[PDB]
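So this first bit is one chain, no partners, the form deposited without the partner chain, shown in structure tokens.
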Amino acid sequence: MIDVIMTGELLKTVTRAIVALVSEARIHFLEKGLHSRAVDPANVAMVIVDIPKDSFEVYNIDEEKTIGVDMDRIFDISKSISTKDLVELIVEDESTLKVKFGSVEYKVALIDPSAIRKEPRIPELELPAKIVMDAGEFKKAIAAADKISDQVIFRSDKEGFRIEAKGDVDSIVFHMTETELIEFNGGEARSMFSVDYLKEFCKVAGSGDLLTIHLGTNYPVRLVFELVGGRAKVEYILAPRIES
């Protein structure tokens, strides 16, 4: 059996992060905690979620188990859950997931894991640039860029980190030097990405959340967000466009 208790905000945020890309997903309850990964239909973005066992109020599992979940449903139900509610998830067999919060108990039929798209592999990306900043600040940068173009360039070097967008008659540059960043290795990298996806990624993040960016040149970017008081790690990987 699986029986865990987590804050409502933790469940709502991780559910929202996953459903942003897929409507169904395999959820692994491992000895070390919860894990889930998925790639979107267009194969342009991937999401990797990790909730260490210590981020849960209670984490009791017998054997490690994988369940198939209808993410659209859990997301819909999560909207009736308060961020301040404590939520208990229970799986006694293999066909039903119980979600309890307040005076309510929701029961949803699980999906056969095999019926879900094959479990994707995590790319062993070798990236030279590492940038650590506030997720809210990043979110604002993307929001500003979104008003100028549908594509942005991420650039890193010894002088800092920049996010640039160019339009027909206007342009915008977000720039932070090493001293302004939380952590920065000065690695040299430059890649271009779709603003649409970046904007969607930021919907589960805000001021106070940590963001670690792993960047290369003409390589997918890794955006590692630490959310909900640092209880969850939500990494989004986005394929690159041609930077020239």
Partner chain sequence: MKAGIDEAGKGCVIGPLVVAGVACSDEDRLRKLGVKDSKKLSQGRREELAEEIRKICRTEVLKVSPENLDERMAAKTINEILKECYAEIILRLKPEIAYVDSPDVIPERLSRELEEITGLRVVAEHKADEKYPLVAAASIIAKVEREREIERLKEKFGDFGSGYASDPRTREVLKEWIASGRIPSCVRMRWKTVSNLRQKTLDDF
Given for the second form:
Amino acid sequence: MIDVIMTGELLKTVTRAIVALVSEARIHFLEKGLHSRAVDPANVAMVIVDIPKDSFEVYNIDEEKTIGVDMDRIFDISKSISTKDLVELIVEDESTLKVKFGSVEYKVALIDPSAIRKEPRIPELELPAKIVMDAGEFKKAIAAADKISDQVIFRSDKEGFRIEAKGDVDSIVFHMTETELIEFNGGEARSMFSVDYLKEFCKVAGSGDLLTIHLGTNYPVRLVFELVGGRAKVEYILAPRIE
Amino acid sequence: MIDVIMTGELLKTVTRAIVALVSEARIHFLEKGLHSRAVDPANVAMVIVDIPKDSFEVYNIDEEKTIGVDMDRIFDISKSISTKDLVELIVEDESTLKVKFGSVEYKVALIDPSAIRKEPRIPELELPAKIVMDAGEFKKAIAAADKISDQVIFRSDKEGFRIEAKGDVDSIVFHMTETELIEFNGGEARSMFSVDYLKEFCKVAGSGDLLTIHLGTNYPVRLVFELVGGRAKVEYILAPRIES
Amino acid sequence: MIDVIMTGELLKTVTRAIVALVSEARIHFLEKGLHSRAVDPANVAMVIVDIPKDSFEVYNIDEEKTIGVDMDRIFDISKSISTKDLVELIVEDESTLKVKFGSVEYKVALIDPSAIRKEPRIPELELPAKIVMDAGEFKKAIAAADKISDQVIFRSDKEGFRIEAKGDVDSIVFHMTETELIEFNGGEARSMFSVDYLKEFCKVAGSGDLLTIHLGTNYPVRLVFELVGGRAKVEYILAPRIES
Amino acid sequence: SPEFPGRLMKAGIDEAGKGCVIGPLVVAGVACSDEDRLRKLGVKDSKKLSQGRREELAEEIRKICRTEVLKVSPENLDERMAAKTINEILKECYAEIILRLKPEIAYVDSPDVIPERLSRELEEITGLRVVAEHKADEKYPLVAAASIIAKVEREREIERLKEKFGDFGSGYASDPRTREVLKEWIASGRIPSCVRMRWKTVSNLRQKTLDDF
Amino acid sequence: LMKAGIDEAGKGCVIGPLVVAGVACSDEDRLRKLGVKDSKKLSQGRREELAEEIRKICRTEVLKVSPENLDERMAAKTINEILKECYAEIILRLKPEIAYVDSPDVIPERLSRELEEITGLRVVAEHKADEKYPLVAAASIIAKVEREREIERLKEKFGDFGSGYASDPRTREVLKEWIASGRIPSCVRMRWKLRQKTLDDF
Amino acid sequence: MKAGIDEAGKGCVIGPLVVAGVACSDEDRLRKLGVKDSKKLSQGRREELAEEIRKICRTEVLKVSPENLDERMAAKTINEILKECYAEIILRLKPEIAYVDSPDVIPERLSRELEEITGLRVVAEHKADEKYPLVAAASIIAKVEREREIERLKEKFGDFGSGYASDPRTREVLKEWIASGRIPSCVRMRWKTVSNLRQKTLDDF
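Having gone through the form deposited without the partner chain, I am curious about the other one (the form deposited with the partner chain bound); can you provide its structure?
Zooming out: every chain and molecule, the one shown earlier first.
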């Protein structure tokens, strides 16, 4: 029914991204490619993973199928898979997932998809500011901010993009102008977010990876990571802090 | 009486291999070279270390001597010794061991060998299957298996060699055919072992190192590691655990 | 008022050196350059930091100013600064310190210098032995000694310099003669020190850095580190431990 | 079972064999219309009684109280212990018994687990008032009575087992007779169905030593 | 050399106490065998079982500082200073040969030195010590289980307010309504100064 | 009769190890004294309580001098010495069952070893002094005896505090005694092990 072959890097990316918010997830094998979305139990953050069929070395499906996966077990297993190694995912029967790489075959019981928490709805967000930067830089900014507060402000206007954190005795400001950013629409936006979710999000990205920020005023933020040289897309949506 | 010079890599290898099972050990300086064996207190695992004289830069002995060594203290000390660094082991008197490297001289009281637990006998094991593979691969297979169970099965027949682990909801199988193995006699064998001992064994090996497996049916397994580019031989013997 | 630009390596050096003993400190911006000295609450160890103006890429001051700094917060921040990265320290108003590097501007409230524990006096110590060696070698000697005891002896005479540690069953001796040392006066001295302070001191030095030892008999030791290729000077003074 | 007269009364719940390697887990519940009559039987100080006297006392309990017994086989315990601890299985058993009896309030003996939390979780599962306390068998006559019933039921089961399989001792890993017998059963490859296969004792005993070769 | 591990639970809480626990074992190898190292991933049920296993083979010492007492002590001291005081108290109860402590602070080496002075015993404080020393990991399990117990006693009086951490949405909800009511229970610590929204609000 | 056994001064730098046993014909009368919560009591009130214990119970005390502890510790651990002392006291009292406060982490083994040495039933438990009135009573007796030996020592050597490395008065006095090079015989070999006691400060120069 399902027989795909991907790189270790690709599989390790999808699993890590998801495991950040949920333990179990529905994985969709569409004509288009791999797709998986989840909302953490808090309903504060959402993750959207998209691996287009082109990215796969092999991508064979008979029909579009959905499977219930234990992400904690797949994640734990993917640590044994090398970055440059090739991994084969196979679904013959409707109860077990086969994961092949090297001389190792791993079999795991699938979860009844109806047993997993209802698949989330992709929110319709109208967001003025659009920021494109290096995910690595962003990661360093969040880490710096983390030493000051539990929360940061994402500020945007004609001057540029800012990440700011305030403590009782100190503060930190990350600032980049249109010149320094890869792409910037100079949109006006100001929202506040929890540093803890942001750190967790950044775990799936590094220097060289592209990050697209969709920002509004007291609205959720869209953090679109383009990883594995544009072969995988990991989007995180985070609800803001108000009042 | 005893004056040898070895590389740090060589000394750090022997000490780690031993310290895995015992705290004190008898070290034999033979004409052949260095030799040391131990059984853990459980009597479940055995380690046999052999460093042939040609591996040493210098290997001078007056007679074949045996010494009682505190392996925990030698291990702890060897962490200060560099891989490419040269270390000199000296035994002049019958109570202290001298360990020289760089501008540092370490002296340690020897243990009366008769005070250390009776030296194990190398067991006489008739084992059908003989498997030769990369220790690194084996190490990865055990690590993978470790995520599933507390025990694995070592299977062997004409098809090849298999390491398998079963959980309540998942399972893992490592499989290599005669084609893929370095050497393979296609012997039939099946034994079950504790994953924890195997992980501990693997700590002394990595990719590039050769591993020879001697396997039987419901019998101990012989894991012969050839390390430091064939300059050291570390053998681990592990008792099996009853299945079904 | 204060506008200096230094390398990350330079700033990470000064902060680490200080943070080892105290949480808050007075930083002096003199015509001479940067200066900062502290004693740990125990009154057992002292640190003296000196970064001459010519080490700074930019060093602009209107007057000689003293500031109260939270070293724990500056240290924590300097971890984000790269070795080769350039950091700008700015003091415009009399209440906040600005730390610039890359696309990051960090602002921190200054401490009222009179609120920080009274600046220590540099002790007047008459010390016979004078030893100059590689800080890296010293670091390795302390680490080796750390595997044996909580304390070491610094010995010096015409034969050379020695760092020795004794355990109940083992001992370690680091020894270098006048030939091997960079400089040596052959002074006679013997003092005992806590290995824990010494390890902490060594965290600011590595191979290639120069270390000058001023040693006496049952007197404090002066450990003068010349770091960042002679661009920074870090001095640690440690009170001795009475032998049993 | 209908709501009444069940909902009028208080009930005591306890177990026997939770920490065993051999044999079932027995959970029993007792609900009485006359608590004072129950206390007069001398349930509070029943531990000192002989096997013979305990059996007699259990019959007296059964005459004046409603009793509910649940037995979880070693096979079923092994199955359930994959996802749950013994104490969680015990909590599930407690709820089953409480729901059979439908009391006004239920007094339960808590294993080495936060009792307050167990009360919380049980009240949620049942929808009834639950009081879980450490060593409740020596505070509430109802719980002491439940203890007597559970012990007597388990003991009958153990005696039946010794009849088939021989004297394997108490069935606790602490009993040297149990360890010996288990060791030989494991070695023989013929392990009776009454052994809790998943139990750690069983794992440790599967390990052979170099002396066996 | 009889060693001990010290850790805490609830230092970052809004509701509930600060729990400091110490564990000292005669057989460390037996403790590692229990799987204390990677216990964070365990369920509430499995953590409770593991704590009972720890208690069977080790001596355990627990100290609890009520929110009221924390608020009182924090007038003159920082949380870390209070934590240092607690660490010393536990070390002195256990009197081990060497004590391994998990440090929150930037320079754990200075904490080691201050504690060694207070106790007169050898102390090793390290960043993330709970994932390096089985003894500290065990101490962490004990502290978490005791705090969860203390929270359970509080839920008996003041209903389900969740975990007691500002990160728990249930905690934020309950705290918000308690604040609004003007009737704040004593279990709420001082320094309780934004509203976290959900994706459903958009 | 049942008996309670405990110690005082196992963790001391200065002074002896005191092991005491208490056996009573009337346990209820012992409860009536308030032995359970005696830790909070003053030195004066503890002394009075000990006299009350002695009036209604048989008491047996054993003292191991610092000198003798140092001698014995060459071949034995403190806990082994303590176990030897426990057995000696149990054998003096000949009770039906003996309750002991276990210093080691797993008390069940201590019970087994003591029952073998004595041939009597022994129950060793962690913190037994706050569960069994008999053990609490034993604790009171041991503390009072130790405190009186400490008093004899203060008469010769001055006020050196409690004798525990945790007492700042003890550290001060020990520090000066160490510095003087004249360390009294009452000071255990372990003083050498407490590091701060020899670490000098920069002010001493």
